[PDB]
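First, one chain by itself: the form deposited in one PDB entry, in structure tokens.
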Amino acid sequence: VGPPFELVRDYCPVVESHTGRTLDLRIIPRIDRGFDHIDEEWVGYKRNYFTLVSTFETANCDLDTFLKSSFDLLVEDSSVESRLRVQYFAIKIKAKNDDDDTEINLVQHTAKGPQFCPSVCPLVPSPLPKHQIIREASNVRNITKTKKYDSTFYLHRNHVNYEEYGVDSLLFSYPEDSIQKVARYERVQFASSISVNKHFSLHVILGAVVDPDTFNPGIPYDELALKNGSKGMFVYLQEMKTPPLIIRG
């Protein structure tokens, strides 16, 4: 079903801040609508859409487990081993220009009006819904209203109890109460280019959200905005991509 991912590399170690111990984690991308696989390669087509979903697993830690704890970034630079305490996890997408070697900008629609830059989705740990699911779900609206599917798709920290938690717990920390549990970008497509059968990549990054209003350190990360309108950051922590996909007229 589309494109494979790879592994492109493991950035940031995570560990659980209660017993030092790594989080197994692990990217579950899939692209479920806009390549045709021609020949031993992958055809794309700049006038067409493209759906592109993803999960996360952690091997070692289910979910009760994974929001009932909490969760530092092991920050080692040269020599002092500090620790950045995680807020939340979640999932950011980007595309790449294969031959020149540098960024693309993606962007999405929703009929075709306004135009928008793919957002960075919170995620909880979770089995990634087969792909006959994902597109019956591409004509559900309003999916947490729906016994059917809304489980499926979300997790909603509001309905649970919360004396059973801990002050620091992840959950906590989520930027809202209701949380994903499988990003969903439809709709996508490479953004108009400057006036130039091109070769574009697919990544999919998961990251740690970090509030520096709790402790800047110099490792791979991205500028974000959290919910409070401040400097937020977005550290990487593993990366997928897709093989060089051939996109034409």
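Residue numbers count along the first chain shown, from 1. We call the rigid core whatever largest set of C-alpha positions still superposes within 1.5 Å between the two forms. Compared with the form deposited in another entry:
After superposition on the rigid core, the single residue among 128, 171, 106, 143 whose C-alpha moves by 2 Å or more between these two forms is 143.
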Contents of the next structure:
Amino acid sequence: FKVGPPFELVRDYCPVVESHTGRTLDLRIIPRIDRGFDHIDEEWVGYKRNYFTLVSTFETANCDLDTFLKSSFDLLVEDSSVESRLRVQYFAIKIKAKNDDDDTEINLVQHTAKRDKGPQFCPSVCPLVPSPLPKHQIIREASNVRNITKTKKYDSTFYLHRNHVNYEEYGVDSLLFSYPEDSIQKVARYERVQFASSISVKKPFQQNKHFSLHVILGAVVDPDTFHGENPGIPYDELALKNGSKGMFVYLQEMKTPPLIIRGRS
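Starting from the form deposited in one PDB entry above, please write out the structure of the form deposited in another entry.
The following holds one chain only.
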């Protein structure tokens, strides 16, 4: 959006249809970097100690939340005129940073709030239900105030409480039940993020290199629900609720233009 670098589609990995009907579910990642990068002299510039904020949601233009939660979805995988269907357990977002020049990925590390004691931690894959991306100033409020997204005014904006949904209207095969927890986020929020240079390399490292932030929308599928372990599509491992090996299969991916980290040495 106006704020932060723009995002472009990298690739759509595979269709996702509603199970009962076979109809295509429209998917669109809605990302925005609300702090950390701005343009100066034709360049998107960030700085070492100015940790950035990246947020994202995803939307289903052709399906409301209610319906979305009551339906079932499969990934359409095709290999040699042979189409298979993998059942979706839930949807989630993952972020990654890359060396825009040589595909090599660079680590992303988050820092806990200033007043909040706590060591740095790795960004998480975030289970999400369809939602519009709140505007910059709302995201800002969230980032600067503890538990504000949990107040009555913002709760419905940032969460879907499964334990508050009227079950009886849902089928036993509804997507809502296959999600990891009752508290499901509507917005994937990664605040106070920094690019972490490899510990194998010395300083400086980020200087003069172009980086790119990637936002990945995926569907976690259970290898036990199909024959074999190969979905036939790019994916990352992700333990399921019962610690069973699950599979974050890629659906859509987006990235920012080249990003530069500036400072002094």
